[PDB]
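Consider the single chain below, provided in structure tokens and representing the form deposited in one PDB entry.
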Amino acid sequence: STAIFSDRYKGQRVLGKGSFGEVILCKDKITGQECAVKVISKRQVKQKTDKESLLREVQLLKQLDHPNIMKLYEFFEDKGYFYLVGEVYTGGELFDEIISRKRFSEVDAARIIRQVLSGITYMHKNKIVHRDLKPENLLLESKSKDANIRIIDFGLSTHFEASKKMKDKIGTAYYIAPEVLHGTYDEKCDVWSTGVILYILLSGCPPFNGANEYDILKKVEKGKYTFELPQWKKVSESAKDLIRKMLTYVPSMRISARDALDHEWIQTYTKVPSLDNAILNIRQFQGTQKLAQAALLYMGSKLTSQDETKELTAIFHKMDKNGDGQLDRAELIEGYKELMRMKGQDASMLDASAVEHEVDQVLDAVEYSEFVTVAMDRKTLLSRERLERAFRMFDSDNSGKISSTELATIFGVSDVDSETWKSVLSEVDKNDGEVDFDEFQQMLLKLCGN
């Protein structure tokens, strides 16, 4: 409120797009301490509670400390944004580390879940519920195999409204507790979500699955699942018993996070065959989720580029006094600053110094029409290379193609209607039942107006 964020911190690099907003690697201008700042835009996110309830939870969260909980250092608020400043972790997402290794057993799964439960138990004792616990929120403290897990976004859910855009809801339906869907829930919803993560660690397949978001939510609401897949034969009976207690439908009957640590499976496997079939399915699952996410962000970046391309052309056309199509470097900065003044402050461009530098980078490469193409191509370049990398990673056999069955699974996770993508495919392809990267990219372009 009183203190300004930009006067203390400077943006160094974009870490990624998390829940509620963009995540930026920032650095203190005095001490040089690196920090990860989640920037939540007030227009794209609505406040569920009042301002005084939010400040009270922020104050509590700043005093909490646990080795498996991400530390919240500071909190800032300006006219249109909320900035949540915390510690940086470079180890990446838990599931990205599991797909790289060749050996994964119940001892590794028990060591993972013991950490997740230690953090949850500690936060539940302080009356803080996560509500949106999922593998994406489990980060590794360092780039190593024996590194600590840190749970992020612990306590946001209660004060910020969930996004309705599929690019942000991707992969959430698998882990949500049934009682969260019907409205009456408490801290037991985090035990269910951890139970779902444990089920995926030991088999590589979600317990509640479907061809789309709604079919998954129907399975979660019914609450029925089975240990009827071949890979569950090589898993112990105590692991299955803990999952049964964690995935109990009635929350009052469901085990607590505290009692889940004292369970025989945690006590025996933290104080042993390799689950090879489970690794292959986590690889397939992670690749499928990441390609679906990359496809949705690619379409979103193409629509954002079209909006900003025309908006920046209109700003520069009005600034062109004589009408030769040219402008000075100082004029282009005024017009680029006007784009952020009209279409909101950018996550990468925190202050005027970052805008002046962003223009100098485009001016070094590059008529304002040519400059418009470069500045917009730089924003699309960050999204097109992620799509190709995700397509290449999904294509594990390096065939260069993805089958029609794989497209149905991808578009199913992305929530693109079955009849809509099949029609778009016939317009570009026109019939081997498989598409290459360019054809896949052409389908996404046609699925967002281009």
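Positions refer to the first chain, counted from 1. We call the rigid core the largest set of C-alpha positions that still match within 1.5 Å between the two forms. First, how it differs from the form deposited in another entry.
After superposition on the rigid core, the Cα of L332 moves by 2 Å or more between these two forms. Once both forms are fitted on their core, a CA shift of 2 Å or more is seen for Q361 between these two forms. Treated as two rigid bodies, the chain shows a rotation of the smaller part against the larger of 9° between these two forms, based on C-alpha superposition.
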The other form holds:
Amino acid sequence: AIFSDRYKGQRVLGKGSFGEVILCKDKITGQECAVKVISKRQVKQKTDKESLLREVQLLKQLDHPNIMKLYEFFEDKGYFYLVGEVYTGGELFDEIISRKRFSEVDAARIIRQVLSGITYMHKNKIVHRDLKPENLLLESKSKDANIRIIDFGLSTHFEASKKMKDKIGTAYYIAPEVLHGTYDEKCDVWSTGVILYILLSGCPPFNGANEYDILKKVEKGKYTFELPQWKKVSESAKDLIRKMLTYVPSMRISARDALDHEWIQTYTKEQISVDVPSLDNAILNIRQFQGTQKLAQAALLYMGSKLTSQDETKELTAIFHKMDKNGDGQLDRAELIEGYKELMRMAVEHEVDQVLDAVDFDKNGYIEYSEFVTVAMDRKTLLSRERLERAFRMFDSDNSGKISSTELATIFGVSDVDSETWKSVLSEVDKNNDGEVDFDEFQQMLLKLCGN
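Target state, the form deposited in another entry; input state, the form deposited in one PDB entry:
So it's only the chain below, everything else dropped.
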């Protein structure tokens, strides 16, 4: 079984957990799929291969409309290839923030789907452990679309990335008992309870300035309904949340029994019988939450991509140098492609051609490979820079064009950028800052925070 014999890469879907997800296509049937590629080297394995193989085989036989469908599994010297069904509706919360109105009925429908998928998985002795909004995909970008839970069962066999770009946002959802090391399927009920709390209020129940702060709250396990917007919420919803966020797991309600709860039964009726006031403050809060999380993540990815492009700028120049037997610094289309491939090893024809368009539109002769290197790398870093700008713009909901010092403290705390470190970098960028930054200044800060 060779992965590449069956599937061709089409386009990247993202970096998710444990590795990158690539949209692939079956070479024979044309069938599209999402393949999670996990590098055995860059990621450690918890269990022996036999245990992993058995769990994979089980997963292939399981089917539920709220669980991502696993089709196939491949392995080579370097990697595991997990072939799943592709879902195109994006992350649940990125949908929710676009909505104009949101009620308890909406929240209930969402949670019943999650609880349903979880219950089926627990029946089969599969635990998630890292349940969070990022792991709730939509079959289509619509409030009517079905939810598919991704990454069930991965945490049992693979160690999580300790890189903060990977870690962002994880602290809010993790069960206290996971932190302390003794856990079972009840941890997934806890995470779901955290998600329900956020849907109804727009604010995490366990919150803080940074990762440790948040984890400290989770561990203590104390939370409240003190916020004003909890006045608009039914006692029934609050009651379920209490049961889901019960500290001791044996006393914590099960996924199965949570489906049976009065709130779920009452509010997921096809026919809306009960009062449905729009949880307007929760929406505003949820948008603020998502925006913050997305900007912090984009910031780390941007800094990461900057460093990566620095390495690859040096390598690419070295490679072309060797090829530059003449020493005139000019190469042809063939040579440029070959070198690009050399670096890649360290589709192709088309990417070089895009570069040459800008460089030498007429294509009359040879190319200053130096000029090529520059343009080539800028196209590689585009996604991250535009994504950064988009996240900045989205976070800036009033279109002020600026982010305040208070907002920066939140963004950087979530990002594990030390308070004293970022403030010092701000001072270097703008001596006369007024306790706010525009986009360019923010970007200048990030550059300085990654050795630039």
